[PDB]
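**Student:** Given the sequences, and given the hints that come with them, work out the whole structure.
As a plain string of letters, each chain reads:
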Amino acid sequence: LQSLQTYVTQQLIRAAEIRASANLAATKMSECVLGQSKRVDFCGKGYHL
Amino acid sequence: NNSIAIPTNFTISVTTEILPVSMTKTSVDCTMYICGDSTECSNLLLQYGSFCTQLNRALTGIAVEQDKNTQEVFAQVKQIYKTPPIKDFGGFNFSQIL
Amino acid sequence: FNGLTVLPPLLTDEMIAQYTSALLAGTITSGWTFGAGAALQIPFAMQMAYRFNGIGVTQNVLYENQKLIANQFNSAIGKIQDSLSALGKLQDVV
Amino acid sequence: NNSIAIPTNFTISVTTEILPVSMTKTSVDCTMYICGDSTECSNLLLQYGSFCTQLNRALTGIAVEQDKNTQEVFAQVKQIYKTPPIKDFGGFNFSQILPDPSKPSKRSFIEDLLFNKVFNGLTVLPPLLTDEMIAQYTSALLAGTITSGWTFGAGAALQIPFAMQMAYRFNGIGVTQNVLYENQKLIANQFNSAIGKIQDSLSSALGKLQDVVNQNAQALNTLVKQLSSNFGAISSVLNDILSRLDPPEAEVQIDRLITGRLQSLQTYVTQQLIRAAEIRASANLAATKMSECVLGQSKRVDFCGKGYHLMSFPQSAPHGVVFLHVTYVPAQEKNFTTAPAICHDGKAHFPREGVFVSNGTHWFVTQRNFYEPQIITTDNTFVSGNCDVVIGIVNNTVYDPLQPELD
Amino acid sequence: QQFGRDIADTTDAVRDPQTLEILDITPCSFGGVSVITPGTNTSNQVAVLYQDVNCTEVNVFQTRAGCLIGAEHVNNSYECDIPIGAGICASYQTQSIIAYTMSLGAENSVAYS
Ligand SMILES: *[C@@H]1O[C@H](CO)[C@@H](O[C@@H]2O[C@H](CO)[C@@H](O)[C@H](O)[C@H]2NC(C)=O)[C@H](O)[C@H]1NC(C)=O
Ligand SMILES: *[C@@H]1O[C@H](CO)[C@@H](O[C@@H]2O[C@H](CO)[C@@H](O)[C@H](O)[C@H]2NC(C)=O)[C@H](O)[C@H]1NC(C)=O
Ligand SMILES: *[C@@H]1O[C@H](CO)[C@@H](O[C@@H]2O[C@H](CO)[C@@H](O)[C@H](O)[C@H]2NC(C)=O)[C@H](O)[C@H]1NC(C)=O
Ligand SMILES: *[C@@H]1O[C@H](CO)[C@@H](O[C@@H]2O[C@H](CO)[C@@H](O)[C@H](O)[C@H]2NC(C)=O)[C@H](O)[C@H]1NC(C)=O
Ligand SMILES: *[C@@H]1O[C@H](CO)[C@@H](O[C@@H]2O[C@H](CO)[C@@H](O)[C@H](O)[C@H]2NC(C)=O)[C@H](O)[C@H]1NC(C)=O
Ligand SMILES: *[C@@H]1O[C@H](CO)[C@@H](O[C@@H]2O[C@H](CO)[C@@H](O)[C@H](O)[C@H]2NC(C)=O)[C@H](O)[C@H]1NC(C)=O
Ligand SMILES: *[C@@H]1O[C@H](CO)[C@@H](O[C@@H]2O[C@H](CO)[C@@H](O)[C@H](O)[C@H]2NC(C)=O)[C@H](O)[C@H]1NC(C)=O
Ligand SMILES: *[C@@H]1O[C@H](CO)[C@@H](O)[C@H](O)[C@H]1NC(C)=O
Ligand SMILES: *[C@@H]1O[C@H](CO)[C@@H](O)[C@H](O)[C@H]1NC(C)=O
Ligand SMILES: *[C@@H]1O[C@H](CO)[C@@H](O)[C@H](O)[C@H]1NC(C)=O
Ligand SMILES: *[C@@H]1O[C@H](CO)[C@@H](O)[C@H](O)[C@H]1NC(C)=O
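Residue numbers (the authors' numbering), protein chains in the order written: chain A, 1001 to 1049; chain B, 709 to 806; chain C, 855 to 939, 944 to 952; chain D, 709 to 826, 855 to 940, 944 to 1146; chain E, 563 to 620, 641 to 676, 690 to 708.
Simulated from the structure, these hints should not be mistaken for laboratory data. There may be inaccurate statements among the hints.
[As the list claims (entries may be wrong)] 27 angstroms max Cα-Cα, derived DSSO-like pairs, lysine-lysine:
hint, chain 1, residue 1, chain 2, residue 2
1, B, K786, D, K1073
2, D, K921, B, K790
3, B, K733, C, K947
4, A, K1038, D, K964
5, B, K795, D, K1045
[What the hints assert, rightly or not] Residues from chain A shown here face chain B by an in silico Cβ test under 7 angstroms; the list is partial:
hint, residue
6, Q1011
7, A1015
8, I1018
9, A1020
10, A1026
11, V1040
[Stated by the list, open to error] Label pairs and their in silico Cβ distance ranges:
hint, chain 1, residue 1, chain 2, residue 2, range
12, B, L727, E, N616, 52 to 62 angstroms
13, D, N1135, B, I712, 47 to 57 angstroms
14, E, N641, D, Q992, 42 to 52 angstroms
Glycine included, C-beta positions come from ideal geometry on N, C-alpha and C.
**Tutor:** Here it is in structure tokens:
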């Protein structure tokens, strides 16, 4: 039971990080692909096309 | 205090950025893992309350948000647009990503 | 395994690729208008003129360096395959 | 190669976004939970060191974080602004969202709908800011954004007529002021219609906020219900074991209950820590959205709603915010023929701010987002080079204003 | 029906066997005890509140957070110093501990026309 509980806790902690990454990716898809971003270094290095 | 430098040319550069969006949706049955389908072990385990229900619920929530991540990243278009057969794009050649 | 199962993802790789294709086609054809409403077509050269105007460069630069810019873009796209033919951030997850 | 689509009309659409900002503050007591008025259990519990200062510390940290979330999201305005008694906003009607002092807690219609739409060692600490204070924060934010525009976020509030503010916003999107001023009544009418339609849709949904409440409640119920579990002992109750067995022999049987309850409490605290991390991320997003969509416009696409952002209004919810994003959605497009440049007298011309279009015979210059044909003159056009390098050049005439009037 | 219990199987209502009358069950007040200190560097005059305890069963002030003893409620309003709850918080202003409702800020009526 303790082994299973440890596994589930690390799974929750990893899922939080993956959700942060997915939220960033959705932001990038909205802002760099559906438009042109003035934010520097957000959509690559140099002025974004 | 009176020097400026103006570029006279430019370069078009392409870079790659890689981001994860989802994991594998793995589920574990607490009763079968803890006891391995023996009746007396199951009877002794069910004295422990609802640990197994809690673990199952946590894993289910993980899987549901795993689906939600992909859905929110990729479903940002209503229609399904199509490229016209003619590829007149002013000289730009998108044949490697289309 | 011992009571362990892995569920299939709701969206097949096929439909994810289809979303990516739809986004690519919308960007190439309609510019950025398709994210704010209906897709409105525009020739690609004029859309690049808009985008040069967006970074503080007059649009004539594109129209008089179109051939050079297209060649640079094609070469830079070609270099990506070589740089790929890396993904450690994805492999670490699995 | 030579076809463009340009909108001729537009629609103002208001869309809502709900976003959790906090969760209920709770505390537990080890002595009352594990033992519950039993000296022998308390004597045995100290054998485990300080496993019960840490749980209280973790829960206290969660509670203080919960207060800071609301403080950051809402208390972003230094003063409390008031709307004037007389409300002439150029035809716009904010009576649905503006707070009214005729009911309870000075709430608004939509806030009222939005609020209607949703023991043994345990305590639920009250939140620091009551609903009335959050209500007057939101009312101050609306009053500031209605009277001053975005100037009250950058310093002292500077009053400006509402129509002129909306013209500023249109200019920010990329549409000239005359588009606002020539059809102000239509814009006000469809804004009012949309803000009534959101009311209707809400009257008949708010699941993101309910999920947090449900999940916290079920976690607490599991924690309570875990008290009646035997954990491999004689019985669940601590009296039925002390009052029926020899304490030297019932000492071993107490330890099972202590260990089980300690595990249950630890699991509860760990889940609460993870959930608090998630709720804090959501609150940070809400604070950013407030500062960027309410205290100004946003050029970021799909950040303050679908479409071209104009302005936003916050509304207090039971444990969150509700943003009413109003956006400019172009519609009724028709397709013309374009050209990158105009060659006149062997000289290349480019549009100063628009694009060259043609209805078949004549050529015009229109702005990119709204159809407004103009005669191609030297005032809205600049010259660079000669018409032999640009591909797609067409031929026509460019009008110089001085020549016709001089002679 | 002898006795009644709600959710969490808490026996909350019983009928006496003599009169056949139905009654209520309510646990007597339990809660925490928290001190409100202005810091030993400044003074030693502390205050105490008892969370969600009616203080008829404990100079004295009653709040939604509990009953606070040792500080005098002032009907003035200041900026928050030591948070307590329910919009009420305490400070150390002249010489003694005072408790008041929070001030959100100054009022402005912007000259809109
Ligand atoms: C600006 O840079 C481009 C390349 O980035 C230069 O184009 C090269 O010019 C040389 C000599 O004229 C040729 O040998 C190369 O083949 C050209 N490269 C490409 C990709 O066409 C260009 O000369 C530079 N200067 C100006 C004024 O454009
Ligand atoms: C876009 O690029 C691709 C590859 O870089 C071009 O495909 C090549 O086309 C030539 C003929 O022009 C063939 O001889 C090659 O075998 C093709 N290579 C492939 C398919 O890998 C393609 O022609 C380019 N697009 C245009 C319009 O020229
Ligand atoms: C732009 O759209 C608005 C409404 O979306 C049009 O106004 C409508 O006009 C018709 C006929 O004149 C009326 O029956 C409707 O009641 C109007 N609607 C509203 C909301 O006022 C307007 O005519 C359109 N403009 C153009 C140029 O087509
Ligand atoms: C602004 O809108 C509100 C509600 O949409 C208007 O108040 C209602 O208007 C209707 C239609 O005339 C009346 O039947 C109701 O009695 C009004 N009061 C309510 C619903 O409480 C309000 O009149 C509008 N503002 C102006 C200046 O007309
Ligand atoms: C954009 O303008 C073009 C210009 O003709 C339109 O193209 C034709 O439109 C008719 C009208 O229904 C269709 O029947 C044809 O199939 C279209 N294509 C041709 C003739 O090749 C196009 O429909 C316009 N699109 C919009 C959305 O207005
Ligand atoms: C394209 O638009 C122009 C706008 O000037 C049209 O030119 C005028 O159209 C009106 C409409 O009846 C005529 O009365 C004028 O005599 C036209 N010329 C001028 C100088 O005003 C033109 O007809 C339109 N073309 C099409 C195919 O609709
Ligand atoms: C735009 O105008 C120029 C100037 O008239 C055109 O160039 C002429 O083209 C004709 C047709 O071949 C020749 O007979 C003339 O000798 C050319 N003159 C010059 C000065 O170049 C040009 O063809 C026109 N472009 C279009 C697309 O009509
Ligand atoms: C676009 O395609 C048409 C199709 O014949 C062609 O006539 C035209 O020249 C092309 N545009 C450019 C800029 O070459
Ligand atoms: C601490 O005490 C010193 C000496 O009385 C005083 O000057 C200082 O202001 C105090 N710090 C506080 C009250 O934060
Ligand atoms: C507290 O007790 C008093 C006296 O028993 C009673 O009048 C009052 O309603 C109770 N509750 C509050 C909030 O004062
Ligand atoms: C404060 O003023 C209000 C005014 O209505 C009054 O009701 C209240 O009793 C006063 N309290 C004190 C402590 O002066």
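**Student:** Decide, hint by hint, whether the structure agrees.
**Tutor:** These are the hints, each one checked on the structure:
no.: 1; hint: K786/B with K1073/D; in the structure: 21 angstroms, holds
no.: 2; hint: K921/D with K790/B; in the structure: 39 angstroms, violated
no.: 3; hint: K733/B with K947/C; in the structure: 19 angstroms, holds
no.: 4; hint: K1038/A with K964/D; in the structure: 54 angstroms, violated
no.: 5; hint: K795/B with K1045/D; in the structure: 30 angstroms, violated
no.: 6; hint: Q1011; in the structure: 6 angstroms, holds
no.: 7; hint: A1015; in the structure: 5 angstroms, holds
no.: 8; hint: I1018; in the structure: 6 angstroms, holds
no.: 9; hint: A1020; in the structure: 10 angstroms, violated
no.: 10; hint: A1026; in the structure: 5 angstroms, holds
no.: 11; hint: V1040; in the structure: 14 angstroms, violated
no.: 12; hint: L727/B with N616/E: 52 to 62 angstroms; in the structure: 55 angstroms, holds
no.: 13; hint: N1135/D with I712/B: 47 to 57 angstroms; in the structure: 39 angstroms, violated
no.: 14; hint: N641/E with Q992/D: 42 to 52 angstroms; in the structure: 49 angstroms, holds
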